[PDB]
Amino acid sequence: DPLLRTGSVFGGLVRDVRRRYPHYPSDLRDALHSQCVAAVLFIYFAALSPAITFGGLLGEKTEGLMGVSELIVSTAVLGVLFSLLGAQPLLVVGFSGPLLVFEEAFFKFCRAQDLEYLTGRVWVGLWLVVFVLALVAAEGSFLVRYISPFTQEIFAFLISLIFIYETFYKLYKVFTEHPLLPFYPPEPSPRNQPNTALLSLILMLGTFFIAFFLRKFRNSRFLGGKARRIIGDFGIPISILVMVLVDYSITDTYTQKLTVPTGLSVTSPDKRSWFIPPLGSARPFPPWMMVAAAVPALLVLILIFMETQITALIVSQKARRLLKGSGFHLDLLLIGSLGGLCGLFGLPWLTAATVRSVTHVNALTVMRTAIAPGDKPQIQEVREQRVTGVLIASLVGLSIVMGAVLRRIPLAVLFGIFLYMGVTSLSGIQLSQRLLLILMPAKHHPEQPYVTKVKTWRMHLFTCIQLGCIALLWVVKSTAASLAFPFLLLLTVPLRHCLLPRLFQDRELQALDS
């Protein structure tokens, strides 16, 4: 009962510490295996590239005050500290879309009112620290009890679908940068190049298909059991290596490759330094802004709380075989305090990433080797340890000096890897199965509890409502009112607890939503 209220200050934090910390030597010792190396290799690539993309976007939005080096430093430090001290070290922290939206909105507001951006960020971070401390001290993290699988399913489905859409849009942009022309006259990034878009498409599709086939090879009957396990664990590194070697042989064609800043320096050394004074550098900071910085801090608190808590709920489901324990009070305090203290040095705030954390958990799952003939395998265990997260964060931080190795990797392989991640993230959601059941005839449906106890036409209405909510949320995100997206999602909790009981019966709701 981790969500019960105890009635004493900081009770949940003490309970989480006492529950999780004694397992520390086991956490250190569980990392001696060959699967952990493959997980590290996969998640390092899964986590490095979004940092570069969001750093480029952030540098574009904020006129070069924050860029790629700041994001890399923040990711490395926060990931190392969280994996060393967190109660759930399987979460992966990073940047996200809503954080970028908030940063751009706050930059516009600061520019309009003739205020300094970084000092405002400092005061926002201080207020966020105060609010998070006050929330944790009152055991305010027990409201996660009211987040039903309704909201979790909506959130996960929307996030994964958006992930896939952005991957396909990134592929599409190349076909407009390097179009297919009749004539290519002979001649500062290159533009209008031959054989580039088609080669990128081929590399992406090849990486995705090799990864998928190697993953399917695990459950086959060829070769020995040990060889099958070893080859299946290293499927994605093998795909990446094979496609990189294929691309390396063809040297006539231009392909875009990874770029990483060299050296540990701030993006704009002329404008700012590493430490941002809280009282103003060139101008005095007005006290009214110091007092009024609470509202953006409130918005950041709501965003971080929603994202982190929903991700922790999704990761710690009962069907995923999580044993050592979960922390709902310690992780929130760590993330909030570190984010608030990051404001002093001009670094962006971070939150737990849903797809990255789910992929990290999936990479460490060990299935039963005694697969029943013609039966879907069942999870045997999950390797709980802290070494992989620390290693991933350290590699992300250390990538600034490994530019020579990284400049040999094209982006299409990463596109294929992202496509595989997004596709495999959608197979763990009940909404996906209930959505596939629409096409199938009513007599082939499985023996799930929402099929036997619920009429066929009363189960499709639930899916219709969920899809309507997902579409409304996506539409709101796409328009100029995206800053209200974290609030609107929070409005699906009353909907399940105030309006759904008026339509569905209790016995139908208990089996449909569980």
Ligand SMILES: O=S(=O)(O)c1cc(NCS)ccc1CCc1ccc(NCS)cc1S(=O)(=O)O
Second form
There are 2 protein chains.
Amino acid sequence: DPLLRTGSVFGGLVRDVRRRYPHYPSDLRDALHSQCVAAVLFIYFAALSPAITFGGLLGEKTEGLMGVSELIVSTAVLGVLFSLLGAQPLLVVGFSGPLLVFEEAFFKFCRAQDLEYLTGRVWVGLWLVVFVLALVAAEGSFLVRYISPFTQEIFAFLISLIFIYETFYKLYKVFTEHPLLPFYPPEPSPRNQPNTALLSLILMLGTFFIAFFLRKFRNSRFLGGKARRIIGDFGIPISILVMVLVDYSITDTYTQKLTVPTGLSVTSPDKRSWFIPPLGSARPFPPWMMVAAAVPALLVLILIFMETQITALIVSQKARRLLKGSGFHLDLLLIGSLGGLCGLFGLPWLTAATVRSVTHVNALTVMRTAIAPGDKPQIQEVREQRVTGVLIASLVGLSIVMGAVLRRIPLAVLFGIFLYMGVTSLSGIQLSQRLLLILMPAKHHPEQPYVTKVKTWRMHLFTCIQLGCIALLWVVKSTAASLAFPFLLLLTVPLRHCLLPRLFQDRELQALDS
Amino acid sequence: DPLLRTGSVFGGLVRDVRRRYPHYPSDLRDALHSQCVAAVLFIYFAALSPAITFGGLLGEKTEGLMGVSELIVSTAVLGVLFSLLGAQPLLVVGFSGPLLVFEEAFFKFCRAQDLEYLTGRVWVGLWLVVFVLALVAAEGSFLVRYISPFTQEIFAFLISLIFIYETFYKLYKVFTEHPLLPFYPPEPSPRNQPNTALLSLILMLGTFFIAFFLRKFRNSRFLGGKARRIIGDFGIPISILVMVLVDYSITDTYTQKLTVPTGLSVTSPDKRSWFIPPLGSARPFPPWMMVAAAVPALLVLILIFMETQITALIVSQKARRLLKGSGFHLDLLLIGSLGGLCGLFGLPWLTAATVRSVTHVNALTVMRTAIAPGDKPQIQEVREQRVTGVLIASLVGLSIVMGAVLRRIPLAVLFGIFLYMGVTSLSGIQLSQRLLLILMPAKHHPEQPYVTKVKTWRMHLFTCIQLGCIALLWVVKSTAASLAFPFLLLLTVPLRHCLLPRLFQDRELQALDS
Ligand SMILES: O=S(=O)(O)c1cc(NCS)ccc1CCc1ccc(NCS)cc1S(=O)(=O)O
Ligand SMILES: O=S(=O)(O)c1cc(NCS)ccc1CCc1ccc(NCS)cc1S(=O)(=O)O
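Complement to the form solved without the named molecule: the form solved in complex with the named molecule:
Expanding to the full complex; the earlier chain stays at the top.
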């Protein structure tokens, strides 16, 4: 019962520490195997590229005040610290879209009001630290028990769908950069090149298909058990290596490759330095902003809380075989304090990543080798340790001095890897199965509790409600009011706890929503 | 059994006619369904393109004396006649590689000895007719009982492997004429075009994958049974239509398309006419060639007999549920007489096609709708009728006046269709399963009679012997002694009936070889 209120200050944090910290030698010892290496290799590529993309976008939006190096430094430091001190070291911290939206809006507000951007960020971080400490002190992390699988399913489905849509847009943009033309006259990124877009499509599809086939090969009967396990562990590294070699063999055509800033330096050394004075560099900071910086701190707190808590709820589900423990009080305090302290150095705030953490947990899941003939395998154990997160964060940080190797890796292989990750992420959601059940006839439905105890027409209405909520949420972030997305997401708890029982019966709700 | 000798002249032919001909109204009536349309649409494309390819090759080899229109006319006429009068109307007649080799060798011999080519072909055809009549009269078609599944599996495996290899050398060739170049300066088939090879590869892979996925969709649970059956029947037409539409949407890039001669005319109207005088056109024909034309007739008879009889053996296997009957005496007489009469008009000889007939039978197989969960589907029936062959031959003949539609179909879609056909053809051979069994561990082998009653190491030796025979046969036709391939193939019957019992036991041979 980690969500029970004790009535004493710092009680939940004390319970979390006392529950988790004794297992530390086990955490250090569990990581000696070959699956951890494959997980590290996969998740390092899964985590490095979003840093580059969001650093480029941030540099575009904030006129070069924050760039790629800032995001890389923040990711490395925060990930290392959280993995070393967290109670759930299987979470992956990084930048996300809502944080980018908030940063852009805050930059617009600061520019409109003739204020300094980084000093305002500093005071926002300080107020966020104060608010997070106050919230943790009052055991405010017990509201998580009010978050039903309704909201969790909606959030996960929307996040994975958005992830998938963005990979396809970045391929489309390749083809508009390099259209297929009848004539290519002979001649600052290259433009209007032949054989580029089709080769990128081929590389993406090949990487995806090799990864899928090697994943399917695990449950076959060919070769020995040890060889099957080893080959299935390293399916994604094998796909990446094979497609990189295929791309390297062809030396006539231009393909876009990974680029990283070289050296540890700020993006714009003339405009700013590493340390941001809290009282102002060129102008005094007015005290009224010093006082009024609480509201953006409140918005950041709401964003970080909702994201981290929903991710922690999804990761620690009972069907996923999580044993060593869970952290609902320590992780929030760690993330909030580190984010608030990051403001003094002009570094962006971070949160828990949903797709990356889910993929990290999936990569470490061990299935039973005694697979029943013609039966779906079941989870044997999940390996819990602290080495993988530290190694991933260290590699992300050290990627700055490893640009020579990274310049040989095309982006289409990473596009295929992202497609594989997004497709795999959608298979662990009950909404996916209840959406597949719509196409099949009613006489072929499995023996799930929401099939036998609920009428067929009364079960499809729940799925329709969830789909409508997801569509409304996507429509709202598409527009310019995307800053109100978290409030709209938290609004689904009153909907389930006040309006849903008025339509459905308690028995139906107990089986459908569990 | 139809393989028993009666002791009277024309006894086997009389028995075959009396067994098969009463079912004629059933043969005409069985064709009223939707699967026949899909089979016709698939096999028409399966049959038309080899005529074009072999017509081009024949025109190259014979200096334009025989071309594409001659092959089309021969295919149409012989197919229509055989389907109307045959006892096994599920066979598909057409040109093959061995026939091309014989024609090239005969042309070389005629050129070296200063003789006319078509008159020699006329006399070869007449001697072939005489030999076929003599062989059929003496009940010589009872030697087919000495052809064990050893030879049948060897032949089928080799033929399918060659088919697949040739589909990948015509894409390699497609890439070779259109290499990927850094620069494409603007400047008789087009050459050195951009975006052609990669687009052809994409079209091939897309057609193959759509066909495979739609074939897999048959055994799923989505949608109703009727919709599943209808969609699975038309998987290959749907793949072809979708990929043709995709290619048509892109109008910037050059792709090679189907071309057919227009009008009904001889390839070289100046050199020859439709009728070949048997006494000589420009020079008298020496009687010594008139007498000595028996040996090439013997070679042609051996080739046609072996190919047609092996194909008929493979098609009429007991596991394939053939009911209306089989023809071992009527089909040989029909094919031999029609081929011999074809010589007078300067048309090439035809034989039964293995891959095309196997695909034709597979396309008309009906599987039981009561599919057991987690179990292989069972064959319910095979639709035996005469309409499909007549329609396919008529369409092949009429394709001359339908070039406008045919010019919009790229060849890469057909390459993908050929790959699908070749892959599907290899799944009905026991050698395929016994070759898959090598990779799997000995504790996972099924309960087939060649597993339980034979030691594991003693069964792998039979597969090695078969593979060595196949490799030797392929090596022999690669070289210039490919005219002796049929003799080498028939040499495998003494090997099985004289040498194999000296090594294996009676029980081992009975279990391993049917
Ligand atoms: O976070 S994602 O990995 O899906 C992502 C990937 C790319 N490119 C390939 S790494 C580009 C953008 C995104 C995230 C886009 C996004 C997601 C959620 C929200 N919520 C807004 S309240 C907003 C965005 S936004 O950046 O398009 O505004
Ligand atoms: O008969 S096939 O459909 O495999 C074929 C197809 C193509 N091109 C695409 S339709 C080209 C050639 C062939 C057949 C080649 C062949 C097959 C068997 C033999 N054995 C007789 S000794 C010989 C040949 S050959 O034409 O290469 O000599």
